[PDB]
Amino acid sequence: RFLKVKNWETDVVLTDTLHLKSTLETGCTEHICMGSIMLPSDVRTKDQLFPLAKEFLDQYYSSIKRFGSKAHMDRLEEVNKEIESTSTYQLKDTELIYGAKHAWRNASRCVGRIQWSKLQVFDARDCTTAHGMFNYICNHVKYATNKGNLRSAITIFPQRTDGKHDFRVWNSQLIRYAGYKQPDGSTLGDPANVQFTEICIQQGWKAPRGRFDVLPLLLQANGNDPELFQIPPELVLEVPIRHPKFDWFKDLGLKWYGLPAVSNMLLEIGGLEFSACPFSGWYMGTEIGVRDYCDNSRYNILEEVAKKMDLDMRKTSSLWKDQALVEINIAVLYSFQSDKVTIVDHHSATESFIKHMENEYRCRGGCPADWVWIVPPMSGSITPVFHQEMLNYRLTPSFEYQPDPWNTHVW
Amino acid sequence: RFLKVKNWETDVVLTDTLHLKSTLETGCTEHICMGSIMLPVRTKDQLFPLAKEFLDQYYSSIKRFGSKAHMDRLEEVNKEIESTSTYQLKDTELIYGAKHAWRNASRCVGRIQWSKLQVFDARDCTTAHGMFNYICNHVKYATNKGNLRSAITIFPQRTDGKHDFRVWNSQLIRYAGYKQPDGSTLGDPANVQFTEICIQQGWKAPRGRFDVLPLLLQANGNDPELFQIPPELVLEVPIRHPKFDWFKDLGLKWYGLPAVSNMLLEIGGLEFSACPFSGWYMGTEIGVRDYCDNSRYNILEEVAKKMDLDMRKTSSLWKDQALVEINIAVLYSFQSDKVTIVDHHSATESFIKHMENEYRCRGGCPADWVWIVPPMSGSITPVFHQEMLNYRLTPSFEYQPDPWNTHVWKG
Ligand code: HEM
Ligand code: HEM
Ligand SMILES: Cc1cc(N)nc2cc(-c3ccc(OCc4cncs4)c(CN)c3)ccc12
Ligand SMILES: Cc1cc(N)nc2cc(-c3ccc(OCc4cncs4)c(CN)c3)ccc12
Ligand SMILES: C[C@H](O)[C@H](O)[C@H]1CNc2nc(N)[nH]c(=O)c2N1
Ligand SMILES: C[C@H](O)[C@H](O)[C@H]1CNc2nc(N)[nH]c(=O)c2N1
Ligand SMILES: [Zn+2]
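These protein sequences, in sequence, are chains A and B.
Take the first sequence: its letters are residues 299 to 339, 347 to 716, numbered as in the deposited numbering.
Take the second sequence: its letters are residues 299 to 338, 348 to 718, numbered as in the deposited numbering.
Treat the hints as calculated values from the structure; they're not laboratory data.
Calculated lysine-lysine pairs in the DSS-like style (CA-CA distance at most 30 Å, straight line): (1) B:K550 <-> A:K550; (2) B:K620 <-> A:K612; (3) A:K560 <-> B:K620; (4) B:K660 <-> A:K612; (5) A:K550 <-> B:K620; (6) B:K319 <-> B:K359; (7) A:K370 <-> A:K660; (8) B:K612 <-> A:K555; (9) B:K620 <-> A:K645; (10) A:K613 <-> B:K612; (11) A:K511 <-> A:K486; (12) A:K620 <-> B:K645; (13) B:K469 <-> B:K351; (14) B:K423 <-> B:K319; (15) A:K620 <-> B:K550; (16) B:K423 <-> B:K397; (17) B:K447 <-> B:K511; (18) A:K319 <-> A:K351.
Chain A is faced by these chain B residues, among others (derived, beta-carbon under 7 Å): (19) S320; (20) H329; (21) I635.
Ranges between beta-carbon positions, derived for each pair: (22) A:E360 <-> B:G490: 43 to 53 Å; (23) B:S491 <-> A:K304: 23 to 33 Å; (24) A:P549 <-> B:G490: 28 to 38 Å; (25) A:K304 <-> B:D530: 26 to 36 Å; (26) B:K469 <-> A:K302: 25 to 35 Å; (27) B:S491 <-> A:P537: 56 to 66 Å; (28) B:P549 <-> A:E608: 13 to 23 Å; (29) A:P549 <-> B:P549: 17 to 27 Å; (30) B:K560 <-> A:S491: 37 to 47 Å; (31) B:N440 <-> A:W306: 28 to 38 Å; (32) B:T313 <-> A:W716: 30 to 40 Å; (33) A:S477 <-> B:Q353: 47 to 57 Å; (34) A:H470 <-> B:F372: 58 to 68 Å; (35) B:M618 <-> A:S491: 34 to 44 Å.
Where a beta carbon is used, it is the ideal one built from N, C-alpha and C, also for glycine.
Using the sequences provided together with the hints, build the complete structure.
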């Protein structure tokens, strides 16, 4: 039960003991593996909350080499008293930063976690309003963008109290392109965002009705009705997409935004629930070129590219889709690199992640990792993670999925 | 208790009740997923319940559950077990068991074909020479001058584990690999260890880059014996590219018939340790894995060089670009020679149709996403966005340790 993981390309074998510190459940059993289910899974009672806090504080004071010390047992008793009275408690700034960095470190589906300890944590727990939320988010966007030299950052709004005062960012990402249904049949813009683009218009947004319309922010503070805000265009760094060999690639009129900033997950630390916590890093190239541009329920521009390449699109066996997919992804990296916007290719990121796995097994005894999500969506087996056995388990602090607010909001 | 899976590209949801018929374990727990782990002497005590389960299944399939033919067969198997400690399958039961072992193979993307399996009963076989003759006939039937036909040949079952029939080759047809004194490898690096055993057993190695290996066959627990498959039975395909004239000059070829021979077939508690089976190749098995894996023929560089790509930075996606061309050449070569092959697009589309049909008429289809998704262009195939449930049903094909590690040598 001190488990082992083998890399079948290198025979490197790592021994995993970290998983024995795992708390939450995977969704699997001994009779069924749910490893490819997208999503398994109204406040903590006074009783379940203190053990959660103790476990978090225990692991915090160990990290700073002060387990079982004056400061440890004092803080333990101090939190204990606050929970007894207030029915909740507040994290010290130090615990907030540690909690956030480790929620990313424990994100078993994230290939970028080698960077986990270089996270810029913005404490927005003093925020009271959507305008205030919008301010914190503009500052996040500007700081993270850094004129193309991207920097990882998270902004943490007040924690849930009773589920009635929730702070929520209704957008799935801070920056996403609009999607409009067409009267004839097709979809203009980004099909992934069609329902949200409706809720925005259905809330008062005047849509330019283009391909690359940056969506407004829909910010919900303290549980009130959300409010629309327009991100200043000068804060939205965008890369025009061209190909280093094909001049007709420009004519496609494609661009993408430089900042991936996910805004709909929930950050859990020591039992406390931060329902608004947008976090951002930088893109792996395939996240745009493979998924955003070539998924059938997305931009789906594969056919148009292969046509312009004069490829034989009559039989799948010509691999014209694969040929185009590569060129599209070559262009994305060329364009970002040309404009000095941070981006990483799938070979670099997976090689980094194997090294990160090395470190985590060495200095921590393991690293939870979700093979189904770590392997890039193209050229899987020529990347090092394909031949790496991985163990998946849920550690805390964590980022968790949460319902879309409009399905829940008492409007 | 029912279970749902969702295709996130089509929003089709399916309901799995078949997982309730699951017996064996997956390796997962409530707290760990072993979904990416490559691989996570039987007495009368536990044999009749396994037989009864199989026979209940079998007679259900022929709509004779509870018939006198069913009850008589149960009794007949019982008496044979308490008397002889094992039992013999009827031909009908053997054919059913073999077809369902394939139908239950959760890592096999080709299972749309599972019911068109040609089953060769080799249970009267007694010697390695007889094994050679049975395998020769399998190869000729299966190859069918390029119009490939799925087939399996079933040798006598295990008795006391000291008289096993084994095929020591991992596939019936595979190329030798030779480690040179300078550290390089001539031939297929995947086969260096088996090649060395063969040479040690008396095989005269041509020491070429595509030498078909000899058959190493073990009957009734005796030491294995060497045989050369007649060269006219081994259909091979020279690999050329439809646009790149220089591609032929790499001197590449591959064999046409994939025939896996180191697995164990389990049916009603009986263990068939030698049971080679064969179908036809999906293109990526050769062009992605066999040619481009770093630990295989690893022709990526040579192809990239001859294409004159930017091999300096990996972000030029030269590896991705050469991988597509190589897989184009493999498909073009097989199709031009009218040797059955399927591309990864056609095969994954079929599997989705197969899987939906299985959910309808069977209540489920065990599926291993980690293995079903092709090793290139994953997200542009439809299985990528398909949730799958993985569980173990019997009859089944299982892994078994290589015989040279367990075999007791006669001398
Ligand atoms: C710095 C560069 C980063 C890269 C290249 C990166 C890469 C990725 C990729 C490719 C995925 C798969 C998602 C998909 O395929 O759509 C992912 C998932 C994820 N990333 Fe990272 N990431 C980065 C930074 C971060 C940061 C700063 C955080 C939080 C502080 C984070 C948290 C997550 C989470 C929570 C998931 C999904 C986990 C789940 O759904 O359970 N990432 N990442
Ligand atoms: C007819 C055409 C077939 C195709 C195109 C096909 C395709 C595949 C592929 C691509 C894999 C993954 C192996 C890898 O990529 O390394 C696989 C696995 C497998 N195939 Fe099929 N297959 C076919 C026929 C058959 C037949 C006839 C049998 C047995 C009677 C079979 C049994 C299996 C098994 C048992 C596995 C997985 C072994 C494991 O659990 O590790 N296949 N198949
Ligand atoms: C910081 C950062 C940088 C980056 N470069 N990439 C990221 C991708 C993610 C992520 C997490 C879950 C997803 O899951 C999709 C679902 C929608 N509904 C149920 S699951 C997706 C898909 N974009 C992305 C999160 C953060 C990222
Ligand atoms: C009949 C048929 C047709 C085909 N077209 N393809 C096949 C691939 C397979 C298979 C199953 C597991 C494998 O891998 C197991 C392991 C490797 N290392 C540790 S377990 C491999 C690798 N050759 C192949 C088996 C049968 C196939
Ligand atoms: C560690 C990992 O499970 C291993 O490399 C698997 C992944 N998926 C695979 N999928 C297929 N089709 N074939 C393989 O050999 C593998 N190898
Ligand atoms: C059905 C399947 O689980 C789903 O498509 C998952 C698979 N793997 C993924 N992997 C990544 N990195 N991102 C994704 O969105 C998905 N989608
Ligand atoms: Zn699992």
